[PDB]
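Take a look at this one chain, the form deposited in one PDB entry, written out in structure tokens.
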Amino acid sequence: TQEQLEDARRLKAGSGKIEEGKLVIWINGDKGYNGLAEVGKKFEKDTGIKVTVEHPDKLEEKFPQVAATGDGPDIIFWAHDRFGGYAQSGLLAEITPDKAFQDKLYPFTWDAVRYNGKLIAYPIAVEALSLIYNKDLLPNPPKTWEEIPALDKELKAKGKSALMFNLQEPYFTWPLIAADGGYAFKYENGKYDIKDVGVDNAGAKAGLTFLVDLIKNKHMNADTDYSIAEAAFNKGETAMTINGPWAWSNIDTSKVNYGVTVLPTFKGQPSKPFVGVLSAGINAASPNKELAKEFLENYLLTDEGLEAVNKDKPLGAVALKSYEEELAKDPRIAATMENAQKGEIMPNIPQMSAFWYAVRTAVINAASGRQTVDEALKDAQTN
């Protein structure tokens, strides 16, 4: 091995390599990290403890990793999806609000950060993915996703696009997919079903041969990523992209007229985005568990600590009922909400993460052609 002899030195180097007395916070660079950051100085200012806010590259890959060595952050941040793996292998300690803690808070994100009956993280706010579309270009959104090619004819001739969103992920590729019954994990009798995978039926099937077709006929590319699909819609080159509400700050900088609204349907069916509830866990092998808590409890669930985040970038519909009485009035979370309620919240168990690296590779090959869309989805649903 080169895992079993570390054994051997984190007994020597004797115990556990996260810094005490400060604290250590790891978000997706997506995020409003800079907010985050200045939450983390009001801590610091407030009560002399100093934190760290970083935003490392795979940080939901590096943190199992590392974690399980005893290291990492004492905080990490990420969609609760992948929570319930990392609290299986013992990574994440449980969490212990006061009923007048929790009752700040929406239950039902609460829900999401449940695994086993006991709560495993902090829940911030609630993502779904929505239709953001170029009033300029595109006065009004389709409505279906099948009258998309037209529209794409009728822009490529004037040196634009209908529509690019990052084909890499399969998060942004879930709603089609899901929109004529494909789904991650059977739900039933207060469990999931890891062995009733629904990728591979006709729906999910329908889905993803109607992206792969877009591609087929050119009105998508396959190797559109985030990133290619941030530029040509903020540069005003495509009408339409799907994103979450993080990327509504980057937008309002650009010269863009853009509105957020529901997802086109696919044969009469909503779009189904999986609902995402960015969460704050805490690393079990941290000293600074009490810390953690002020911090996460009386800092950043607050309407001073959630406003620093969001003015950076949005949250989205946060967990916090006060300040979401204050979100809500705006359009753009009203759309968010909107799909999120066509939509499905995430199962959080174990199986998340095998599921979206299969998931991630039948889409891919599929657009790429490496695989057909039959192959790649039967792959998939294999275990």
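Numbering follows the first chain given and starts at 1. Compared with the form deposited in another entry:
- Of the residues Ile76, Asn243, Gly276, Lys313, the one at the hinge where one rigid part turns against the other between these two forms is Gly276.
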Given for the second form:
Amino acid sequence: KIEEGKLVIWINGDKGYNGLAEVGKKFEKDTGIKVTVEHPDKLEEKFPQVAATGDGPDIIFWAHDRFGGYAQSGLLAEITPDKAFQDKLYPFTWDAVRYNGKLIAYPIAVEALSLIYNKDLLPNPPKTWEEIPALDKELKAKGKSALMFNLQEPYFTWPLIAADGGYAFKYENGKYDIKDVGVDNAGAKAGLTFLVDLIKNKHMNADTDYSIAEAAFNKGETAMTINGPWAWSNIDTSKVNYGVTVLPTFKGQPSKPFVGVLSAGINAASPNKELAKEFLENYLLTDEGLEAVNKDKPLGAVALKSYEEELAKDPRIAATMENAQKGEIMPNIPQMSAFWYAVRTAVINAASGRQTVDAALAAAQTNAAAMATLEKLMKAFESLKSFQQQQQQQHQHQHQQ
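Complement to the form deposited in one PDB entry: the form deposited in another entry:
Just this one chain is shown here; partners and other molecules are left out.
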């Protein structure tokens, strides 16, 4: 149920879909083609099912990392924007929407971790990681702590680990090299050691999670926290005078958080590919098009240079973009599952004292190959099931041989 001569668009419920419909309303007035915007529950899981059969939306809006799995399954169509339109967006955002050399989606919004500080407790935020231990002792005299952030998830701790030479997958020649993993290098060694040093010197607690860290900052117990744009609304409600700035540097090198890019992909089964190209390139990815969506729900930092400069007036957004350009793009390959599994264990075991930094990171490459073996055989058996599925419609109590 695609239906040619019209566009049906899928976008998550927490996004500005009403403003997107306004863009589609503008699109209808110029070309005479109606645009329907739908927001079904769990559309990221519904899409691969329906798009395989040849159904689903013409355009889908989701994070770029999930789009890699779609392009693997051949559900997304290769987009054809020329050199001039590619210059309209930030050059790095184009790397997020790439699979097997081909461009598969249009970058819309950019999301990344930033440093959030209490202005009343600390009007001058630190530029380096190394001055935070010294800052903690000075704030402990006033019954406060310098920095509290989520330590359970690798996503939050990676900016430090990365900062000086850490890397999950080496991005070279428009592709990720799965044979080159930078979790066991000297840069990642130093970053995690510094984090562990912060813990054993009582500057941070190893048991700290999202709930503990958010509550601590919103009550004004800690001076600084590391969080994304999604948490801004909760800090606004707590009346806390907060600022958002660039992440602290480690060994003179900037922190490298993972970059999440909200993207627009065209279904491969769609017979409205050139119409989707017209809508996305010339109606949505313009100053008006993004403004209409942003006013319904804030898009944060955007991929379009012209409108990003406009939004930059908000220093929070400017910091989101600055950390993103200093960070690295979330790899869209399936091998990322094994990476998260390995690094999560690595960080937890290093922080708790179960394993040393050198040993915890070394075991990560072993543990990553382990998840790979489980996954490579996980889908080997679901394939065996599907082979015996067809062996029931060919030769049975209905037709033999």
